[PDB]
Amino acid sequence: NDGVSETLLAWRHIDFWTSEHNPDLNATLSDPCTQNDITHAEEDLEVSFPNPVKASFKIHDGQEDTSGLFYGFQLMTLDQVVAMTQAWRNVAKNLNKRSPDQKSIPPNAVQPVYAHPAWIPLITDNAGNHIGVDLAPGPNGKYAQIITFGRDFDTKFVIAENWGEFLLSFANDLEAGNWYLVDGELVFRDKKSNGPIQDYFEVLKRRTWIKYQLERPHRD
Amino acid sequence: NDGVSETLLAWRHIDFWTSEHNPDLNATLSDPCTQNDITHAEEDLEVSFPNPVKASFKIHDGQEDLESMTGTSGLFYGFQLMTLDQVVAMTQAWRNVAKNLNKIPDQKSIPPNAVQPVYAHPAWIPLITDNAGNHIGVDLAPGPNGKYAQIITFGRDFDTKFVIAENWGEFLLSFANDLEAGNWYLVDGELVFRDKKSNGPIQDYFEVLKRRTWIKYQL
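If you're matching them up, the sequences are chains A and B in order.
Residues 84 to 148, 155 to 188, 218 to 300, 310 to 347 in PDB author numbering are what the first sequence lists, from first letter to last.
Residues 84 to 186, 217 to 300, 310 to 341 in PDB author numbering are what the second sequence lists, from first letter to last.
Derived by calculation from the structure, the hints in this document are not laboratory data.
Watch out, some of these pointers could steer you wrong.
[Claimed, not checked] With a straight-line Cα cutoff of 16 Å, these simulated EDC-like cross-link-like pairs (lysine to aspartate or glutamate) come out:
{"#": "1", "chain 1": "B", "residue 1": "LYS182", "chain 2": "A", "residue 2": "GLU126"}
{"#": "2", "chain 1": "A", "residue 1": "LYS332", "chain 2": "A", "residue 2": "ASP270"}
{"#": "3", "chain 1": "A", "residue 1": "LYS137", "chain 2": "A", "residue 2": "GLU126"}
{"#": "4", "chain 1": "A", "residue 1": "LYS260", "chain 2": "B", "residue 2": "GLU129"}
{"#": "5", "chain 1": "B", "residue 1": "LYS186", "chain 2": "A", "residue 2": "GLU342"}
The following block holds chain A by itself, in its conformation from the complex:
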């Protein structure tokens, strides 16, 4: 299915978890987008948002203040999504005029380019990098797979099959105790290994890398 269930489930887990373990962060989570907010953004960008993503917006329109929900990375508002998508679209146009190896993991899952108009950012680094939804996949890719892209992602990672599965995998990390407070700033650590603090992109990259490797033995 599309992944709407996983979006609704994950947002309840996350809505809960913030009010309990970090009230200050709960407060940053915005009111729902209206259907017209979404329609206008879809019109401005000339694209259909996937169902789980539209579902996510009708629960929270990003974060407002605003230190980031996803272990420091900020959930983007719909206006930020539009402003940033156009920003990346300008980059892609200038790369046409003037035309580090761009790669993908899995190979051929994501287009090997610095910028693509159909890559819609949903989370931000506040430093040029994003998690977002890929509406123009490679040949071994899947439509509306979730990817990392930006300044420092010459290699691009497919981190989930849809927005719902991503939001859920994050909700699972919170429920599994893989977190530390610096109340204050939220950062990742693997609890079962008593491990150090880690940057969340590096965790998502490793897990993509791992999942690819474990799946490689299978074909038919």
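Fit chain B to the known structure of chain A by using the hints.
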């Protein structure tokens, strides 16, 4: 807009032209598809056809001619307009080729970066064939300087891929414009392309479309 008006207009001219100049070719133009044909096609492939492609199917479901022996005479200067059944079938075939090639010379695109540099993509929907594994169809996963639902060349001999139209409507209309402009000889006969205004030789239509694309890019 989506190109729907151009598809209706083009099909009007192509319907009229064929009847006047080659009734036998007009007869191959199959009956319309109904919504239930295309919805079943879409749910089967897990893909949403663009508007002008659906409008074109709601006017003609490809060509047939089951009494030919020699084979169907292709509307597009020898190339056959696929039936919706063939479209579904061929898409799945090309998806297996894509699955089978998951780790072919150098793959390239005109205009550069408009089409993905790959042999097969699951989202290239073939709409026209030469029955030699070459196709015209619609691109639903464009490259970074491409447009969604642009019309492209792909297949066995298309190591370089060409964006020949912005949408299915503009493509059909430009085919229709070649017919009105007198750019054809007949061999009722087999339809082949020639440039009348300059008394040009007989040319393969893919080569004509490739020339035009190349010229349009550098301009």
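Status of the hints after comparison with the structure:
Between B:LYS182 and A:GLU126 the alpha-carbon distance is near 34 Å, which puts this suggested pair outside the 16 Å criterion. The straight-line distance between the Cα atoms of A:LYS332 and A:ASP270 is roughly 13 Å, inside the 16 Å bound, and the hint therefore holds. Of the supplied pair hints, the one linking A:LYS137 and A:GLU126 holds, its CA atoms being roughly 14 Å apart against a limit of 16 Å. About 11 Å separates the Cα atoms of A:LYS260 and B:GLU129, which keeps this hinted pair within 16 Å; it holds.
Proposed proximity of B:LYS186 and A:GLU342 is supported: the alpha carbons are some 14 Å apart, at most 16 Å.
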